[PDB]
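Of the protein chains in this complex, one is absent; all others appear in place.
Just so it is clear, A and B label the chains in written order, and each chain counts residues from 1 on its own.
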């Protein structure tokens, strides 16, 4: 065959931690662009911190609720947001309000 | 008042403007430094529309220059008339488009547009009464098709009343400078029919005939091809920068030339075009400038108007001339070509006459034609799209950027709705 396996990208949102006035940049997350889960964090480094956030960079990725630490990329789901923190402590503000 | 903000995008859209701002500085008599060395006070009378007076009686262009790689912006600042720009306006990323529409619209577009719209918003507040925005890009590339159509969808959400016109370069039908240009053109016209007021479609293939058959140029480089496009762009707004007997602007064209909120794709036209030696075997009269604006070999879009019908015709004349002489010829060409115009629109020619000719010439003109003859141009893009899409080739370079096939289907269905509209009004009664 030639019509291949639909190498699609997930359309997921990444709110950064603490910043209430931030919308979350939708990435083209797929298995073709990042061979491991560790390669995704390097893209999260440059395209989230500009001047005032994240002195430690990006370490931990949480759920929007958030009560579960994200493991591999297979634990991601299409069209749901995620809080991108850099510490064990989670800040509980209304991220998804006024997208 | 009535200031115009000029926006450039893509490798093509920058090299057009790099010649274009050389042309505008010639008409107002501006050195490459930025000072003034004119002769008459009419050059400084309406200078504010394309310029801002800086401190020290120096003028800067009100231009915004957008790219994704610095390979072209370095060429602009290195050449002549590169020192005239402001260094803040050169907005550029680092990744490069890679000749990809989805990278220009999703990946590198979203990481750049916020830095662009701050510069757009700064230039808008500097203007007293904003007339509108003009844009120079192309449809074949990934930058001017992706980043350019992203800016129009953001500007129209912030300015739902100002005029918005684009000098896009439609890809030529015979030769193809990009393998995936039916994919780039289809996903761009879907953005242009929703958020633009008028659009000046230019084909490259028509410019090679004019430089060869008419101007008799042996070696036409892009320094000569872009010079014809820049003369057309100045000729549209020449009544806004100079007093004339019968004045028009960018607003009066969108009322006259656009009878329906979708059918707003034009074709340009310039006259006179002599040769280097054959210029003396010719008289410069208004019927001589008339007959050159209507033949098919002077159009800048690769489509013969004889296959279709005109709907509206603009004709911006420059230089001093008799108004009786102009109005009789515009009546004459309508009676003899009574089958080539549409029936249910009487007096379908709009005329504007300025006073100041271009530099070096005595009189000139500018043809802006709307027609049903451009439906053949949208057949070929729609035909070459479905020829490639049915095998789903060159598709994983777009799906991997976060895009589904439903995006392609509705974009192709939008263009076939446009083809049926020009087909319907061609045979109205």
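By our rule, contacts are C-beta pairs under 8 Å (C-beta built on N, C-alpha and C of every residue); 3 or more make two chains touch, one makes a residue touch a chain.
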{"item": "Residue among A:20, A:23 or A:46 that touches the chain left out of view", "value": "A:20"}
{"item": "Residue of B:88, B:157 or B:427 touching the missing chain in the full complex", "value": "B:88"}
{"item": "Touching residue (missing chain; options B:58, B:154, B:156 or B:392)", "value": "B:58"}
{"item": "Contact set of chain A toward the excluded chain (per top definition)", "value": "20-21, 51-52, 55"}
{"item": "Interface with the undisplayed chain - residues on chain B", "value": "34, 52-56, 58, 60, 86-88, 122, 125"}
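Please note the rule applied: only the chains that are shown with their structure count from here on.
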{"item": "Euclidean distance of C-alpha centroids - chain A vs chain B, Å", "value": "41"}
